[PDB]
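Listed next as structure tokens is one chain, alone, in the form solved without the ligand.
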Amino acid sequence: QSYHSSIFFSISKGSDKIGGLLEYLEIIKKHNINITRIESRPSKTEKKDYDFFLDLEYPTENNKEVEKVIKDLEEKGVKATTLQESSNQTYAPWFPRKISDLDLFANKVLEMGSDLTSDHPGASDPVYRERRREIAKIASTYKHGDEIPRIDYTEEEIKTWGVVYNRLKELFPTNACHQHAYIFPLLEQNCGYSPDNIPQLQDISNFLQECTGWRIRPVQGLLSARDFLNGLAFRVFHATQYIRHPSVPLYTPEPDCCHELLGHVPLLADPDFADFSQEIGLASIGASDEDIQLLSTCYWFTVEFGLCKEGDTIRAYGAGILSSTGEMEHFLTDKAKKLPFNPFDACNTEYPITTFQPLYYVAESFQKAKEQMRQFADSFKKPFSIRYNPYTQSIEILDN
């Protein structure tokens, strides 16, 4: 594995330091074995300035080489700011800058890829293990700009999907929030949602891009929370392509395609939910490890297991609920507590990952949850503020 650092600085058009700076950069472009990219762009905050971006990768954490680069660079008369992937707090946390920089995550999957747990129903199924390998390879080799490869799903795989699909769809009209009921016929009409067929990520991605500008990247398995959440800042949802083992169709701890496509996807075609999800993403950009953990908890209690109130009734929008017959049939009962959602209240709350939730949070609306997440993000100590530019598909850094 590798650790990324980024160095950035600005210089005004017409500075007599530009000539020497460019010479210095050409040198390290050729001779520095950790430099991966050097780019310059118009400043987004000062019309007469240029921004420079230096990206590096190092084999070890806290690699003292970057200090050498900073020193050399500042001898050319510019003031560098450095971001780094690290457990240390020497520099503020690194983040991907460009939507295409999500390619860096491609081979960073923690678990639930082609390495299964011994109690996994398919752990000793040689055909299933080979399949998981095959499908994982696709995510590992996927690049921004590519079409997502279509999977030729087998008859057994399609059968498992159908069992899940048919069980869940009976419960949606009575248990899901109305945005789900609004969006679902469009998925049938445009993305091939049906019991007889597993929808392809590329079709879903195209549909979401045109609705809310969200898009899908295939992923091997679980990413780290920072990486997954950072992807959300770009309105990019990482989704798996494999399906759960046929022997246990009504439950799995893994985010298989049933969970992604039936739980996560529909709400992303709703503009307010889409903005809310991106807000969570933006909050994570360059956030401390502590705050990432708070954001994961907020995500759990909203995107994964959130409830909405409609009149006197409670409905589910959380993906973990919408994709589980158990959970759908649990939340409506008085067997679980409900509280109004508030990131300052919810972020500290504990939760089980191997049972139904004993506590759910109810959001008033996705617009209010968005505004609430922005208050939360602002309460973080961040070295700078950030801003998404949909035209350039890029994070812009702002002072203070």
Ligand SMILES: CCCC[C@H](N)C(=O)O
Contents of the next structure:
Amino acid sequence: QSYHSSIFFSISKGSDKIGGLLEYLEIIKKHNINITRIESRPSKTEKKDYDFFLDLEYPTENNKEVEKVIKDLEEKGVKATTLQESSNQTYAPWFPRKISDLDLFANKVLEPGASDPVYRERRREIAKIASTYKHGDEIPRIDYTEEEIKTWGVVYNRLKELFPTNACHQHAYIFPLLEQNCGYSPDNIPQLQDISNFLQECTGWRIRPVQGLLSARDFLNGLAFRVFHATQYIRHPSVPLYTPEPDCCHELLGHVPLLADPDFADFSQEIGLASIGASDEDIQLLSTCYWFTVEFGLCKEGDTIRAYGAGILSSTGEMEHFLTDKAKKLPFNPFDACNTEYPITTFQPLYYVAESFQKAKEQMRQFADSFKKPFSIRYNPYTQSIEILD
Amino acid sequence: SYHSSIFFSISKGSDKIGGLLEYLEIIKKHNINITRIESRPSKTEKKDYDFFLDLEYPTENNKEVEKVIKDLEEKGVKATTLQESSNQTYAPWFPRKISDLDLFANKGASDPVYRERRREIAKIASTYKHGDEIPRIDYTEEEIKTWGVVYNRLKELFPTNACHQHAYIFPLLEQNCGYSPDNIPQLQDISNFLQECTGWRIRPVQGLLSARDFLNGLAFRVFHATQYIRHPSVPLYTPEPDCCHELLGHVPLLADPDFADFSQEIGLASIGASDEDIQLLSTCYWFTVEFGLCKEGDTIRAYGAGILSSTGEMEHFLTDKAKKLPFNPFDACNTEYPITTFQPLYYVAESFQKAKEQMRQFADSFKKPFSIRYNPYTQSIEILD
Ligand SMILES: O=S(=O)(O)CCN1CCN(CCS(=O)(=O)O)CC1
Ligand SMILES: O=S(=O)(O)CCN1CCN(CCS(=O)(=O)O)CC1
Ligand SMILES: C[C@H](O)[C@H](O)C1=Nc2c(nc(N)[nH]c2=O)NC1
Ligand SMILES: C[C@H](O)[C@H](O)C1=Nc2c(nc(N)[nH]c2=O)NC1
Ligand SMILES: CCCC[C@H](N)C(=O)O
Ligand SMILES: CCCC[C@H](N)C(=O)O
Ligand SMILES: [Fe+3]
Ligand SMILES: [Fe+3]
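Alright, leaving the form solved without the ligand aside, put up the form solved in complex with the ligand.
Zooming out: every chain and molecule, the one shown earlier first.
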């Protein structure tokens, strides 16, 4: 475990401070162990300014050394802003700045269970693949076993039947494209590279294989880049109708088809962006919002109620439950579905119906506005980067 | 080999979809000239599916595509076909996604030593495919010397003669891309930096591409750049593009957002455009990206890559024998120009956003079967009607 900091500042072209500032930068770049990256870029807010980025890694939370770097800078005549990964609140929370920074997550995975010692070497084989994966790689393909493919077949066939009557129309619209273009079929588990390629061309979303569960912060921060972290292992042979883990069945049948819908793609990113630089408390509010929308969201189509939540679409059990009066439904409001508790090992007793993904996106944008944040942020699709705005 | 593409839509809940799918599966299995078939959600009509069929043939205007068409309409859809052809039987083909630029790699030194060294450097851009690292060149002592002679010479003219965008970005090239009179910067390094600035990318190029291919490349913010350097004895002016020209002339402007938008706009205009419109665009390209001037208050300065990389051109433009005009694409597009001497005539632009608008207005009349648009999120060409 390492703790990331980031220092930001600006300087005008033709400042006679620059030469001396470069000298200081060269010096720390060579003599500071914890400096990982120093970069300068055209400023994105003032035409005449340069922006400077320093990235540090420290092995301990809150290291005094960042203070020393700050003091030294603000003495070359520069005003420095510091972002840090910390449970403490001296600095605003750190975040990844460019899409390839998501590689910094590849080691941090949080999360028993169905103990069947045979699946074990798979998981390791499968999981090692994800910690080795880095941005720009093709996602490796997995020779799935007869057993696994058949688990997929059971889950797939039970699910595809309910989709017309239970799934929101974006799912039924996209799903046959997954068959035609991504090899979706009961007789074959689809490979993440193929799906990533399909999604990029639909909405610009893409996939990274993940070892397991990331922190809430890390996972939601990824969404801000339209990047979905997905697992490649499959649920145990005998849990087809409802599992705890997020197996590829949940990822491929639950999450993937909505991400090929533009509006949902935007709504999902909006949650991501909200998480960028968000406080820990707000990250928790957001993960609750994510649960009650992306994971177990309902939609209303005319007088009908149907499901878009990945947690619902991937479970033939939950598909039965939401359509009955055995659970209550409420309108989605982020300011409401935040102080709301939920079970994770049972069917949901309470769902939220979104009016549409466009309004959900707007509703989430306002939720974000309510967050104490030291700046605004904005996504740049051309540079695939986060731009900070004061 | 000549590429064709077949386009058509079909609404969700069609009677024909089932059958159509079977046929598509079959000709994919049973026609070798079929490179690719894919279907996408419609960017125009919500409940519709877009289909794309890519075909590749050895001879121009193959009769086999026409058979695919009729066979495809017996199954109940109206198809629009694009083609690489010197004829206008069909509208011109274009690459549709950035990886399709892969398809383009098919296309003063009497020194035998230099001709050898060119061959080597070249036998590498022909091997590059999208998604690769751009392989680095181990430049030569002499090559590194030539660069230094050109770099240091041009370094003293930039402050007084280049437009401000150049002076603004250059020290960032020095601080991030290793620009120096002492080493030649590598395209991979350059591409990464451009990407994080304006989303522009570099592909290495083996030689000269066609106008159409090269301009089509810009619609994806992809610049094709040579890696070889000019002969030792031609540092002041060479008629051919070399790496000094790419890196000292083209690269710095490509990091300016407004210029980057402007250049992409020219490429978008070129997507699917007729041969004679490609020609107009090509000339408009020459009088802006290559040899354009800008107005900065009382003075005229250079932003064209052809000028900025040639101390000889750089000295020329500021003199009174060289005529200066306000940039107007309807005036420029028709103007002849030399490619082996200094320019007798330059066009002066007010601002890259304006030049962008003008090019869009210019292009608006261009005849095409489809409305062309770029999606930055998906990095590809959306087609509309
Ligand atoms: O997925 S697609 O590529 O088809 C469309 C994605 N794109 C995302 C950004 N929104 C508006 C941004 S904002 O106006 O809310 O800032 C338009 C749609
Ligand atoms: O270069 S950067 O990636 O930094 C931002 C460039 N971005 C390109 C798209 N244009 C749309 C205006 S218009 O061309 O549609 O009028 C806004 C600026
Ligand atoms: C999103 C919310 O924070 C939720 O607790 C999380 N879900 C996921 C996660 N990690 C992965 N890989 N997939 C999830 O769905 N970590 C956090
Ligand atoms: C862009 C315009 O069509 C011009 O004739 C071309 N320039 C170039 C080209 N090819 C390369 N490699 N570099 C150029 O600058 N072919 C066409
Ligand atoms: C965390 C996602 C929940 C997945 C869902 N419970 C299923 O049965 O697939
Ligand atoms: C079109 C490229 C022209 C090259 C330029 N005349 C130079 O010497 O760099
Ligand atoms: Fe999930
Ligand atoms: Fe050029």
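Definition used throughout: the rigid core is the maximal C-alpha set that superposes within 1.5 Å between two forms. Positions refer to the first chain, counted from 1. Residues that one form lacks are left out of the comparison.
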Position that moves between these two forms after core superposition, taken from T90, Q189, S247, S87, with Cα shift of 2 Å or more: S247
Did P126 shift 2 Å or more between these two forms, C-alpha, core superposed: yes
